[PDB]
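Undergrad: Here are the chains, one letter per residue:
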Amino acid sequence: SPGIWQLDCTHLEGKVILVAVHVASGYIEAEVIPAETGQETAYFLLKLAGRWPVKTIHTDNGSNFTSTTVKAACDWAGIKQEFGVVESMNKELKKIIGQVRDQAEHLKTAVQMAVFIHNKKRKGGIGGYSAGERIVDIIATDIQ
Amino acid sequence: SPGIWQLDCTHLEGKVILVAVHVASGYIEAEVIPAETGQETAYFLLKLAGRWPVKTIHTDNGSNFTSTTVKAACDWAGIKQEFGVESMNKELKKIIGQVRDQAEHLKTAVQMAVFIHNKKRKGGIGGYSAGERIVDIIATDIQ
Amino acid sequence: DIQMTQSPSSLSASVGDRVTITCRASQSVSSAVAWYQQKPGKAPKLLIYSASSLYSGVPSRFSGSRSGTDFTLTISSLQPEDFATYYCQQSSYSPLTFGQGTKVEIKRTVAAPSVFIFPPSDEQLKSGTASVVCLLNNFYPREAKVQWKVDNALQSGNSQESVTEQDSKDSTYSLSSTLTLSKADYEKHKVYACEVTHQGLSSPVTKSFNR
Amino acid sequence: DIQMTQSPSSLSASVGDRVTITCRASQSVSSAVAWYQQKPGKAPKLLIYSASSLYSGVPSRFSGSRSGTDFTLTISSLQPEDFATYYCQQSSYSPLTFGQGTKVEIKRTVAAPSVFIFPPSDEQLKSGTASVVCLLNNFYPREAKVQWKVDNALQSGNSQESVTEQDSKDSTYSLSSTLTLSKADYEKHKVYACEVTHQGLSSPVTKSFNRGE
Amino acid sequence: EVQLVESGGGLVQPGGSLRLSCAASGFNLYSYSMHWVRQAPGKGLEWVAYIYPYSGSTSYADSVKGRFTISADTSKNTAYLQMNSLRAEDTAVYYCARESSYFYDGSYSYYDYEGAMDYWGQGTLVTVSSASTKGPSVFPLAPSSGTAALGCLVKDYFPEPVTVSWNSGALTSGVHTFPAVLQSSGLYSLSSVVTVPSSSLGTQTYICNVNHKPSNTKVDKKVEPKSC
Amino acid sequence: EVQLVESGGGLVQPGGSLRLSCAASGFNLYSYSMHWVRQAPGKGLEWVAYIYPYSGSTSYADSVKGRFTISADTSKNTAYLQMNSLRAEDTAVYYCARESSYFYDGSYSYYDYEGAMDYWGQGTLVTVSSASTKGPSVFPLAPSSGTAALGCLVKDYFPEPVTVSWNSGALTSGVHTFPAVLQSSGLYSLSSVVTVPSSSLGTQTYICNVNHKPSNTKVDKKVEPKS
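Protein chains in written order, with the entry's author numbering: chain B, 57 to 140, 150 to 209; chain A, 57 to 140, 151 to 209; chain C, 1 to 211; chain D, 1 to 213; chain E, 1 to 145, 151 to 233; chain F, 1 to 145, 151 to 232.
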């Protein structure tokens, strides 16, 4: 279903990374954030929801997902929250990040290089599709 | 042409805002950034290029576009630069002004404005949004 | 400097009619066209924006459409409150510009004017000027032609007309025309005539007096 | 615990042939299948990844393909260095699992084994065990069946076989089978027979001796 | 509830100056683009200027460049149009109007206004003229010879408006009071007229009551048939 | 060119322990997922464990869970497999291998490896057995009466390997020396054979030379027709 994303929080090099996975496509958005706050989650969601159609987000019960500040952003943006292939995309991202890490000074850049690669990479050879191509396809054919 | 974006820098409330316009669709991405540096432009471009297919960017000759740090990001991401649609920038400022009271900081207000700009319809109930136009243009470039 | 050519200027209709007003842009203006309604002595009120979006609260019988540079406002079933003037606007290029307007007025059967001519009062003549007045009363439609003749000589540039708004009971118009001369010139002549041409008259009617 | 069923187990080919090997996944594993080549006593070397991408440095004659849960490795024109064993792998679900392998061996004309049986030496008999050995020499193809018979009674569970690798000169195989008995049991019987079945023999060949002479 | 109330209009001589204000309430004027649009008497609508205080941009019609200055005071939620070097052709009703960027439908959708103006004030009149306040002369429009017409000619007054009634308001049926016309002298003139039965002449009296507040003038004029 | 060199394998008794290491060079091991994969003698390949040090995650095959521990020391660019409570069935060649995330084609395209392993080490052998070092007994496989066959049976030795030659290396044609077979006793056994002309029996001598270094055993056995 074209509007469903899982959002999730993870750490590397003592920094915090917010990761959002589009479930049907495997397309990812992520960013290093300064602290694990609901405010940071809210800002991150507004950005995501302004770029893609976001209808439902799945998360866990961490306080950075259940606060007022997040709930206000979801109400404003028209996003439904649910609390409890995806654990899989998070591991793929960390592997990409590890591999490309030495091509960037800060982790924040490395993460965006990893996102670029994750979304442009092909599985199944020269003919295969990328997450980035799958998501615009899914969404494009929902508007028809 | 589906891979072309104009990138441009602007100010409000003494803060700096980076704005990238997808020329065929009018789709916008923008963010408040802490200073008008090439480093901030580079980071912003990586993010953009990882999300959409970016082939060429048009900018002006400000030092925050011609530095090494930007040229390195373009080389890495495979982006061609051109030096030398003020319309979408004015629309955005109007939008920002109108929602501004619904948010405490400008940075949030700007993202609410971008959400609105990309979702809004011209030409009535049947009209298309910038957000719908861009995924269409890109979807039919693969096929 | 973009031009919005609105047509027609004036339009006669009945309650229940389909009505359609057009506006032609002198070059592409994209979808950035709005429509406003204005009643006498009132501010313009917004109807339609961005070519075809209906302003909050405006009845669904109003709609808009576009083809290229041609914009149309359509009132599917005209209501008594819709008799008014309408204006298009483009805001694709500064300066933003308006069409010149379309008055929507009420149809009814033809009615010929009654016509009266009044010479100038003597109190006015003392003052040095003479006003001669011609009255066309309770006529439809609005188009009427009024020619002043002094000793059979058709006048020009020395008369002004005024027209009432459509009468709220019977939908007619009334018209006064006022020929203005010096006392000295008024006294140089004998026959003051008002000739009125109107579709309700089988032929022109003249009302006159001798000074 | 996902299964990759690889087939065939063994395959005979000639230089120049088009060769194909398949791997069937027990449920969708998407495109996450790899192929490796392994020569005897060497480490596996990667050929193909993600179903159909060709690993850097691998000759273009190797290719991979997918249809649903069926994966194929194809060698368009087999070269002498391609005789080896090949394995598929999936890494769509932990644990990652391998097919059981496909040996690619060299075709040549049929050659029937020559067959010999050797009784146990007397020095071994002193020690309390008897080994009886049957040798199949220089045969092709590899499939051969070897049954031991003691006084016409087919044996079971008391023999082991060992096979040579394909001979580098003549492309044949050789095989030894070794029946093991106690001295005491060896002595309770007369006729030790080795029966060998192989395509090159119009019918089974038996070599035997009598523990007497 | 949104509204706009303009003020500051009036009578002013050519070369003179005025300042219009537009006081807003129900919304924050800083946040929106505000326009002045004007309408000459009996003409259509002409855009004059705009300001978007948040961003500080402003803009003017060519026919007002150099003479007019738009501005805002946010502490008062008010916009202003300073009008200098006024000519006769700047005579008009001046409206302020709000331009919203978008409209939110109250269930997750947004529509672009593309420069349309959602709320307008009632307008303020600016009259630019050399003419001076002056009360009207009133002259009879006398009947003679089954319907007769008679009336009052209300001549040479400035500025608008004038009020005409018949028999102190008792007579209203058959009355037509015409829109004033601006004469080449700069002064206004109109007629009011009424049709009545012929039989009622010489038996009924008809008096028009003319009032022009700007000059504190009040005239009653009897209207009766002539002799010739 | 990167590489991996495993070490620490050898002989060990059931219940015992060993620690394998895998030393990397040409690349930073911290940055990649590293696997151990093993191969029992004459069997296929079985995945054992993995570690991705950068993120710290690890994983184990069910048949080793609880007994084995994978780890890495980044200062030495080395991974380790600690193997406790060893059984006979853990006997195998153990390989370490690297898993890259992606491949970059040098010209703006990227391909996902999806768990494929791009570089492998040569492997280290782990043998798990109660058996004790012991040299072989060598017995003749004697001919009688074309071509004749004869040979040496090289029986009951531990551990591998043994070497067999004929007439001190002079005779190599027609020689087949078979892979050793592990007997149910835990000791190995093999045969070496040679086919020769019938006429050359009794005019030529055939001696097999057997050497088993682990027990410093060296046996020469003459092989002649029976009498």
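In case anyone wonders, no lab produced these hints; they're calculated from the structure. Incorrect hints may have been included.
Unchecked claim - Only some residues are given here: those of chain E computed to face chain C with a beta carbon under 10 angstroms:
{"hint": "1", "residue": "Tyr108"}
{"hint": "2", "residue": "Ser137"}
{"hint": "3", "residue": "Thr152"}
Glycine included, each C-beta is placed from N, C-alpha and C at the ideal position.
Undergrad: In ascending order, which of the hints set out earlier in this document are inconsistent with the structure?
TA: 1
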